[PDB]
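S.K.: Letter by letter, the chains look like this.
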Amino acid sequence: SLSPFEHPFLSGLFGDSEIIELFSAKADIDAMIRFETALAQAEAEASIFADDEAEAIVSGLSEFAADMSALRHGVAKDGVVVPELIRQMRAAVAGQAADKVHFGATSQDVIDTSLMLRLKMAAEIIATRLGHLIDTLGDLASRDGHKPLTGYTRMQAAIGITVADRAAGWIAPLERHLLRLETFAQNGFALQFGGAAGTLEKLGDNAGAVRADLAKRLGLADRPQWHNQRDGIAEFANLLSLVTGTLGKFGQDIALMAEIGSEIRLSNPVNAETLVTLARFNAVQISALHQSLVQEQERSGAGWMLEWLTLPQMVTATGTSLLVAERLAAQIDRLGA
Amino acid sequence: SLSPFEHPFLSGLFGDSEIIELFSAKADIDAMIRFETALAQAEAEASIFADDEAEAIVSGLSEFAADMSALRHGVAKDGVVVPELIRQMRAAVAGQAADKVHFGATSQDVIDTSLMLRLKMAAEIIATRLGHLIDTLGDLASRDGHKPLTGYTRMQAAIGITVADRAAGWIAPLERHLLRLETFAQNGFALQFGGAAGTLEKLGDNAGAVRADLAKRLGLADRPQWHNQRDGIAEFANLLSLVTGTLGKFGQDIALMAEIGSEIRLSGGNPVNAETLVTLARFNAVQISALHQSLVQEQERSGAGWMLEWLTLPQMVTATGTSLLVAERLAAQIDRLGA
Amino acid sequence: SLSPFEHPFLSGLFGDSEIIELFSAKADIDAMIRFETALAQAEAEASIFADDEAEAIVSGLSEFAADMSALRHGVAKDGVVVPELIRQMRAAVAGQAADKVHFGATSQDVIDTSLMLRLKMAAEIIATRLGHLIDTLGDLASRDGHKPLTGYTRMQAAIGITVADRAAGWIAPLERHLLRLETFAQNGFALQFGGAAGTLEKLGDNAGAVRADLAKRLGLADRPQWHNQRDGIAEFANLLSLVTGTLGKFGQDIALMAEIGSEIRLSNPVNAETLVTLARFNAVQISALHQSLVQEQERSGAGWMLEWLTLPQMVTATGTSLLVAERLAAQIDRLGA
Amino acid sequence: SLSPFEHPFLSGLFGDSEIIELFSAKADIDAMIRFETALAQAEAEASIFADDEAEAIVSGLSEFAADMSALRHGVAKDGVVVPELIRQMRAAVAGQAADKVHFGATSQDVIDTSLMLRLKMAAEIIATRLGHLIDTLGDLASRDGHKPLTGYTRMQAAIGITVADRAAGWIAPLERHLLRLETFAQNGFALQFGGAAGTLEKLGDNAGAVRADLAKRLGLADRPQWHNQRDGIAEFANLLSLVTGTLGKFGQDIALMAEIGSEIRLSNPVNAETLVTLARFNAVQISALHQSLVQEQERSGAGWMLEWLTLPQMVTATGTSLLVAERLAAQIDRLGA
Ligand SMILES: [Cl-]
Ligand SMILES: [Cl-]
Ligand SMILES: [Cl-]
Ligand SMILES: [Cl-]
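Order-wise, the sequence lines are chains A, B, D and C.
As numbered in PDB author numbering, residues 2 to 268, 281 to 350 make up the first sequence, in order.
As numbered in PDB author numbering, residues 2 to 270, 281 to 350 make up the second sequence, in order.
As numbered in PDB author numbering, residues 2 to 268, 281 to 350 make up the third sequence, in order.
As numbered in PDB author numbering, residues 2 to 268, 281 to 350 make up the fourth sequence, in order.
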């Protein structure tokens, strides 16, 4: 396979089946079904169309299973999945209520909202692993923290420090990232709902009320459309790379102590090297999300699709990093003399 | 010169003297002088030495003049300015109080603290310019905001929208970046005071008291040393590129609108200022990668990672600064938006 | 799926099954078998063990199939496939000849050689596609090349030009990249054969002759080991990015001409935008391979795994770009007034 | 100043005045005079205007001093120096002859040719420094090469190697970089001469002849205009980073050996750490030149000006790297146990 994260043998090291499952084609489609179901309900609530048409959409979509091969044919034909997805959804809905699915929405609305739904779940997992890792590393520090370490500054031995002193440079930044992530998670996962040209012209003056209701139903933040405003995507990408960056410092430290040999015992430091790799991977990948801030006019295919290529691997690198760092810390049997 | 920001002619387009002068050798030395002065005062305040010894350091540093040839020679020999700087400062201090300048501090303490003092200054300028530009762009939208525009999605004409619809994509992210900056500036400019191996071993139990007073005197946040913790710098650099990125979207829009030619009127006759915004966006989008690579800063101190930040960050704050200058210039050229 | 290149629906746009199948675990395993097959033969040739010892290896590995799941657990245990892969290869070989597989080799030898064998295959497909695309764009220019076009310099209508004038900016760099790729392919795909610490300490005086024979059998260049010398990889990735870059310039022009709409007929320009995307993708990933030039000591796991993460998608991006560009050119019905 | 390369005290470590003075406003201007002097000579040779007017331009620009302030107002008015520069040049040339300076040329013609003229000079300096350092590292190798070293693979002590073995990983790629540079320098520094939209409209059938003559006179390659074809610039930039990447590998090895301390003597390995810094700097900047490959239409101010911002510092980082490595090499008094 192209990426080691999903590779049938290399995933023994780089694997993260829990985070990767959220970027599966099935998970995307489920979240896209969620968008369309909630949209129909929000539009009934605002009396755009009748209640019995929205319930026909809900029940029609409740047991909706997609034809994957035909969805691929869709993106081969159109460039984007949603017109063929919507076609399949209308085929599942009884009566004239099928003409009402996807009303007022555009392709970017359903794709970006699905992304935000799944990024939200990925961030919950990442925070949980972050808090557990902070505890594990804290246990490494409370076990061996009093023991002397030879300090090292600029590749030379320096004065003696302790294990607690060195550990604080691993743990304290991780605590900051947890807090950064928790603050982000409060309103950073936003509904994408702006219509063909970002103006919601099919909804007129009901635009604001439908948007509010749809956001609440999906558990997402109500914000005006951000079809070309991608600063929250780059902000989340920054955080991802901040976490890998700190864990790569941890990995670089452990590998150096391993090479010196006198001041650790491990149960060769492959996990430590893997942390550095992932740090440097995310530090490269951050550039692509920042290049994608320049998204011209109302919708930019060039800028938008660079995020498709690069973001899922950034959140996987961060999750893998947390797994591998947990595996490394269990290998550490003593720090210090 | 190497950079267009400082170039004798390319600065007609790329220059920002107000921001760039925060990265002058002189401005750096002044901030290092302030560090060493306040360190002396902080240590007398924590009863480490008496008031008259700190006062000998304070008055000696007030009329201290650094020798620049010598300082350059010092970084050739040592890699770092402060040993030679401290050597010179001691010569400006009379008596045995000269032995006490720089007590408890290491070179990364004075270099990073100086950087934070001056990045704080630059952040105040950038915040103010962001605020002004938000208003300017708001005035563009109030003048022509109900006027029709041809929407354009994925390089094809879409349905009609208004000028205020398109302008919200310029204005709204900038308003978020203003708020991001203000939040960062709350406690993000921190004192660097850790000593030789990050443990402030010279001060003992008085390390917390000295650090607290030193941070106060310099107007920086009191936080444990971050010699190898560079997340605040990567976070700050992220915001720098967030601003240029949005402004490059704005510039790209204007340039496309200029090329079509039917729904914009630019004065001066073309869209060089618009292209420049795009260039600067792509510049910082590249440079952000450098500060993220420097997150891996091994052991108690890492020359390799730390010096990458020296090569890259000042031009990132300059690009953000220049972008705000260029965005304001471009907006002043815009006579009409819409039909 | 993390990458739209392999995605069950996004591959309708980004797919390239021919190039992607070169990075499958099966193709890797088959390449690694070839390394170990030809290694035994080269060592028999230099009289290190008997001919029938080598022949038992050749035929035992001819019908070798890997236990993929056990290989996954091998990389979890060891950090790298090869110890496990070798253990299974030994069970497939009859007699005392089983001890002779992998003699004189290290894990990086078999992995980097496998890479090089399959990258040579990828570069062949990419050069064949490049030549064919140059014909196609040449056919566009011999149909419409006489027609006038509005020149555009720095986002402003400039003076008139012709279609041949503009098309030369598409064709000429591609012709240079073809020659570039052809020149690299001469001796740029090299054998990796250095043993534990790069010295081939198992072979003594027979090192030079074994390596030469092994390189010749595999169709690879005989160079001294390059375990920590990754400039040829970065050089190759540069080339990969050079191709997508030019095709991104092509895409950007087509997308711009489509927006204006008066001097092109297509048959909305998703393909033109996709090329711009893949250009900016490869212009980011090139950074990873250059960060990987810093590879410490005799083997750097941190620098080497960054290539694992990033290079397969660079060759796929280049390959997909050529596919998409061939599709985009086939949509162009008219250029000019 | 913004960059340590030029900084009043930081240039103690990062300075390279010989390379940096090739990117001074003066060296730029002098190269643009050279373009314009040779332009008039080439055009009088092809009989586009009289010889007296050609030698009025040559002699007019012999003692040309630029009003620098005015040139800066010129880039604030036009975006580029040349319109104000060409205006100053017609004030230096007597008669009506002054109507002919810049005839048939555009802004990007003189700017990119100036660049090419000075990168050619930078590359000569870099090649010389590279050969000298190959010899210097070779002398370190021939002094201590037989002495035992502890091998380290994947941050762990491996079997014993010798000094000569490890030194080959520093020397052999640099010998390949030297040949790469010599191969590039033969035809890679080209004249830019395309006119307003790449078609040399003012020239007519004299186009090819004037371009051949101008390139000969300036000691650059005759190639067709590459206003929007920046592959030679990304190619050259790749080379620059290959050189710093290898020196960064050398630098990281020395830093690690100093930290262990048992197997070297240095007469605090700051130079070794600086080489890593310069490798990672260039490994980041290579991305900008590859992003600048997408250059839309006949001229792209956006992509072109990103080269302006990033390429001079890439050539300076390579230049400085070779200076720092040569300083580090002289500090090495012993390699080996
Ligand atoms: Cl779409
Ligand atoms: Cl230091
Ligand atoms: Cl290995
Ligand atoms: Cl121009």
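Just so you know, the hints here were simulated from the structure itself, not pulled from any lab data.
Ideal Cβ positions, reconstructed from N, Cα and C, are used throughout, including at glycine.
Just so you know, not all the hints are guaranteed correct.
[What the hints assert, rightly or not] Straight-line alpha carbon distances no greater than 25 Å define the calculated BS3-like cross-link-like pairs of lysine-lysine that follow:
1. D:203 <-> C:121
2. A:203 <-> B:148
3. D:203 <-> D:217
4. D:148 <-> C:203
5. A:217 <-> A:121
6. B:203 <-> A:148
7. A:203 <-> A:217
8. D:27 <-> D:121
9. D:78 <-> D:27
10. B:217 <-> B:203
11. C:27 <-> C:78
12. A:27 <-> A:121
[As the list claims (entries may be wrong)] Some but not every residue of chain A turned toward chain C, in silico, with C-beta under 10 Å:
13. 156
14. 160
15. 209
16. 213
17. 286
S.K.: A separate judgement is required for each hint: does it hold in the structure or not?
M.R.: So, going through the hints one by one against the coordinates:
1. D:203 <-> C:121: 47 Å, violated
2. A:203 <-> B:148: With Cα atoms ~20 Å apart, residue 203 of chain A and residue 148 of chain B stay inside 25 Å; holds.
3. D:203 <-> D:217: Judged against 25 Å, a Cα distance of about 21 Å means the pair holds.
4. D:148 <-> C:203: Holds, at roughly 20 Å.
5. A:217 <-> A:121: Holds, at roughly 14 Å.
6. B:203 <-> A:148: With a Cα-Cα distance of about 20 Å, the restraint between residue 203 of chain B and residue 148 of chain A holds, given a limit of 25 Å.
7. A:203 <-> A:217: 21 Å, holds
8. D:27 <-> D:121: Roughly 17 Å separates the two Cα atoms, so the pair holds.
9. D:78 <-> D:27: At roughly 21 Å apart (the allowed maximum being 25 Å), residue 27 of chain D and residue 78 of chain D satisfy the hint.
10. B:217 <-> B:203: 20 Å, holds
11. C:27 <-> C:78: Holds, because 21 Å separates the two Cα atoms, which is no more than 25 Å.
12. A:27 <-> A:121: Holds - the C-alpha atoms of residue 121 of chain A and residue 27 of chain A are around 17 Å apart, at most 25 Å.
13. 156: 4 Å, holds
14. 160: With a closest approach of 14 Å, the residue 160 of chain A hint is violated.
15. 209: 37 Å, violated
16. 213: The hint is violated - residue 213 of chain A has no Cβ within 10 Å of chain C, the shortest such distance being about 39 Å.
17. 286: 6 Å, holds
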